[PDB]
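Asks: Letter by letter, the chains look like this.
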Amino acid sequence: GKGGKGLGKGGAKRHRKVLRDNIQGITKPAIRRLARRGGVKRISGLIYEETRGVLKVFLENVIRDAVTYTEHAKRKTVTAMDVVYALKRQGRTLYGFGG
Amino acid sequence: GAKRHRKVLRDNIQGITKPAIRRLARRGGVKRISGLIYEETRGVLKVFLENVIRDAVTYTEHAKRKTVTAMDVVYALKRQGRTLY
Amino acid sequence: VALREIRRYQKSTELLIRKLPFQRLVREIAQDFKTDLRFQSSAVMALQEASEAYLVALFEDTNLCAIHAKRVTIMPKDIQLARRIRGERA
Amino acid sequence: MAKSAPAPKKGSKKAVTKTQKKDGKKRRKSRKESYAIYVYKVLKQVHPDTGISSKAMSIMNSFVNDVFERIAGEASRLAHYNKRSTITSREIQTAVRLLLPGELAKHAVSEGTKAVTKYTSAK
Amino acid sequence: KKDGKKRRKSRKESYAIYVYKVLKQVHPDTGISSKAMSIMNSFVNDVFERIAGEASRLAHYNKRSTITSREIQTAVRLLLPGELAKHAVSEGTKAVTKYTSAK
Amino acid sequence: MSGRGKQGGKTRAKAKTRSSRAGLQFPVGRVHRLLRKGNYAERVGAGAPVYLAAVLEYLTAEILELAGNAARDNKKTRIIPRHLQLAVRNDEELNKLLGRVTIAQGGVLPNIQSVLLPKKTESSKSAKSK
Amino acid sequence: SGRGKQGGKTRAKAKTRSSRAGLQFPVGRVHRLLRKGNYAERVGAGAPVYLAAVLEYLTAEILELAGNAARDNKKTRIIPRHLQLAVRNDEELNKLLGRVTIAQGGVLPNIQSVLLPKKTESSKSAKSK
DNA sequence: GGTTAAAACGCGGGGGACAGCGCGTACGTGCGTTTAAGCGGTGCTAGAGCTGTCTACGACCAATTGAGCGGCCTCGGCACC
DNA sequence: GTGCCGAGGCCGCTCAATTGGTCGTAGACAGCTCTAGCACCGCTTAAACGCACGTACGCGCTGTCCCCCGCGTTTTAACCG
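Residue numbers (the entry's author numbering), protein chains in the order written: chain x, 206 to 304; chain 6, 3256 to 3340; chain Z, 247 to 336; chain W, 2859 to 2981; chain O, 395 to 497; chain L, 5393 to 5522; chain C, 256 to 384.
Everything labelled a hint here was simulated from the structure, so no lab data went into it. Treat each hint with caution, since some may be false.
The list that follows gives simulated cross-link-like pairs (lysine-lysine, DSS-like), each with its CA atoms no further than 27 Å apart [claimed, not checked]:
#1 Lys-280 (chain Z) to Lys-5468 (chain L)
#2 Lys-2899 (chain W) to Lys-5467 (chain L)
#3 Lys-429 (chain O) to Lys-497 (chain O)
#4 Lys-5408 (chain L) to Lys-497 (chain O)
#5 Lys-373 (chain C) to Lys-323 (chain Z)
#6 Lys-2890 (chain W) to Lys-2880 (chain W)
#7 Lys-2964 (chain W) to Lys-480 (chain O)
#8 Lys-3301 (chain 6) to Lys-384 (chain C)
#9 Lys-3319 (chain 6) to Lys-418 (chain O)
#10 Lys-488 (chain O) to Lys-2899 (chain W)
Every beta carbon over 12 Å from chain O, so not counted as near; a handful from chain x, in silico [as the list claims (entries may be wrong)]:
#11 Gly-216
#12 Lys-218
#13 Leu-224
#14 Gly-258
#15 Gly-301
Footprint (simulated), chain x over chain O, 3 or more residues, beta carbon under 8 Å [as the list claims (entries may be wrong)]:
#16 451 to 461
#17 464 to 475
Ideal Cβ positions, reconstructed from N, Cα and C, are used throughout, including at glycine.
From just these sequences and the hints, can you work out the full model?
Replies: As structure tokens, then:
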């Protein structure tokens, strides 16, 4: 058939759910593990929100670079190549996932 | 006692002092006032003068004049509605 | 106990955050920029490893921030100093 | 492909239905010339991904017309005060400094001076 | 031709007059110092290198040899923040439209 | 130039308008005609409409812009009259210029006075209940 | 009226690509620098015109901010002190010029609450905080 | 001879150890969702032809801008009522 | 005797001013790409087809700062290199 941004089938062959406050996915065991990987014995309760907020700030910046890189080629799918190009600009570089 | 003898550079805005506010208050039908009015009135008056002179200087500057005539003040006052006869 | 698990995470390499909640989180951010965005499976996992090590470095610095102030715990004050002194936040 | 004449073509619209194929044009409407085709141009330069409804365009149509009355009206008063018969960028620049606020006037003068310069310098 | 003093004609990869011309247009009556011209000239060179440096990466990754406004549009968004890029694209887009309509 | 002969090729702009000469978008010619139509002066200068259009174009740009920003915060891609009012009241400079202007078909800033919220845990004076 | 492909009215720089679209900044130098510098093996004519406008906007704003800062300093001439003040004042300019040092510039008068009288207090008055 | 730091040890707070409580986890299952494929269909990105408007190259000359100079207005500072 | 009010005054800020060679904008006629038409398979699209991972509920141990509480820290002073 045809499709623009997506979801061309409609009817009863597709299903999407509203995602609004999924930032809370990083929970107490997940947050403490990264803290444990940092070698800290004790982490306060108030930084759980801050760590999630910091991750949101970190993710929002890298997503802008990745989306703009992907939108340059007009490709719907964000490939791993565009991510590492975004990572290089921000200094935080990851080796792998393409080369 | 209490005494000062310096004329300029320190008593320009504060020249209204206490009695003049009371003098204007009586013409405004005010029986009594609080001491806090003596500070706003300097600010309130200054805002009024600054708005008028901003237009008045603009009229004077545009007319290539170094002197602000009486008619220049009328032009600035007319725009804000405070027309002068 | 808290330092007992320090050895586990510093001896074994593994992802420390839930997979799909990270995928859901990046999806909800991406949808606001552009709706119906398509994410590759490798791309979301690649961002996770960078994101995890980003906080590990942050959690490493905040540990040394605490010991500077005669402290062991890391607090919101510690995270403010590390981000600002690094130029990330200010 | 025709050669027109000046005499009988004033308001040349339909009066009696002597038409073929297409019907006769209705009587001409009083031209309410608007900045709608120009305001939309500026809108797509700052926010290319945003639309605009006609109700807000009617506001902008009335806004510019009313604003133009104020700035030109003040400039008209300025000319009489100076005993000046002509109006140019100089009087309007001062009128902008009067009607418009502080920072708003400076930006208008800055862009206005640049726009005026490009017209005079170029042929 | 070259027998007269000529050896001192070189370099001039700078924006001294262009910044000066923009300075007068933006601010009618103001002065600039020869010291301040040095910072501005080097700042523009780094800015030119930054945007063109990114534009090199976009061209190489997309198998595109030419450089167009679209790739530079990506560079402006990637380099400048949201508020800065918003005014930057409007000035850049208006430059292309008027240039094409002028001859 | 004399002799009433054909001058030749048009070096001066033919397709480009007077606004295109200055790079503006608003019609300077209409503003030039409006000044004479409005009887604002006996004669009008050449730079009078050019400056007026640039000021109007900049005012149009700033207002649309601010309105567009408010539209994004309201999740609507069409600028409604309410979006303009929010920007007008938010910006002090726009508020001063458009203090007495009324925007038709909606537009109101959600201003709530601090008095309207008692926020004393509904605990009265010297006792929690009345 | 017959002039072949192109007429002979003018054959030497009848208007320049710069100022053809009302652009002050040079476009030939940018076009030359885009190809002299090995950014890409080919260059398009739309690249320099867009880049010239971008450079002009960045130059204009900082000069306007520095000019206003110079006015607050009661000096008409622009000094790198004002340029440093303008960049540091706005967070938008801080992000771009993060690791950049300006010669003969300065530093914003920032003081914490624990570096002044009283134990830890920041009340002060106007013209501060 | 005056300025900061530096010895001595003020001094009332801030943190770890002393203790609970409440979650968040993350293994068994089934149903379609989304990412990769499988091969076109016209649309864009780079191949040259012709002779021309523009940038790079090149020339001199009076004027044009930025150094500095000399009087002034502003600033920190010591000493009496 | 104190802190902040001042006065005289010290070099540069902004204006001009006459002479050498630096830079920019007008002018020609030689190759080359600018930008314009056309090709056929390759990269991205939609709609099916399968496959384990992911959500909701389980039993468990894990931690933060409440109180009371020391002695080593770095300021506050008036006097030497």
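Asks: Are the hints correct? Go through all of them and say.
Replies: Right, here's what the structure says about each hint:
Proximity of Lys-280 (chain Z) to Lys-5468 (chain L) is assessed by CA-CA distance (about 15 Å); at most 27 Å being required, the pair is judged to hold. Annotation: proposed proximity of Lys-2899 (chain W) to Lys-5467 (chain L) holds, straight-line Cα distance about 22 Å (limit 27 Å). For the hint linking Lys-429 (chain O) to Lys-497 (chain O), the alpha-carbon distance of about 39 Å lies beyond 27 Å, and the restraint is violated. Annotation: proposed proximity of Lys-5408 (chain L) to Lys-497 (chain O) holds, straight-line Cα distance about 9 Å (limit 27 Å).
The suggested pairing of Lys-373 (chain C) with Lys-323 (chain Z) holds, with an alpha-carbon distance near 22 Å, which does not exceed 27 Å. Of the pairs offered as hints, the one joining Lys-2890 (chain W) and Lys-2880 (chain W) holds, with about 26 Å between alpha carbons and a cut-off of 27 Å not exceeded. Of the pairs offered as hints, the one joining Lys-2964 (chain W) and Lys-480 (chain O) holds, with about 21 Å between alpha carbons and a cut-off of 27 Å not exceeded. Using a Cα cut-off of 27 Å, the hinted pair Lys-3301 (chain 6) and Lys-384 (chain C) holds, with the two alpha carbons roughly 25 Å apart.
The hinted pair formed by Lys-3319 (chain 6) and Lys-418 (chain O) meets the criterion: a straight-line CA distance of about 22 Å does not exceed 27 Å. A C-alpha spacing of about 11 Å is found between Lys-488 (chain O) and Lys-2899 (chain W), which places the hinted pair at or below 27 Å, so the restraint holds. In this structure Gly-216 (chain x) is separated from chain O by more than 12 Å, as the shortest Cβ-Cβ distance comes to about 37 Å. With a minimum CB-CB distance of about 34 Å to chain O, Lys-218 (chain x) clears the 12 Å threshold, and the non-interface call stands.
Listed as outside the interface, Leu-224 (chain x) is consistent with that label: its C-beta sits roughly 23 Å from the nearest C-beta of chain O, beyond the 12 Å cut-off. Residue-level check passed: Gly-258 (chain x) sits 19 Å from the nearest beta carbon of chain O, beyond 12 Å. Consistency note on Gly-301 (chain x): stated as away from chain O, and its beta-carbon is indeed over 12 Å from all of that chain's, at 17 Å minimum. As drawn, the stretch 451 to 461 of chain O meets chain x at 4 residues by the rule of a beta-carbon pair under 8 Å; at three or more, the given contact holds.
Look at the stretch 464 to 475 of chain O against chain x: 5 of its residues bring a Cβ nearer than 8 Å to a Cβ of that chain, three or more, so the hint holds.
Of the numbered hints stated above, the single one contradicted by the structure is hint 3.
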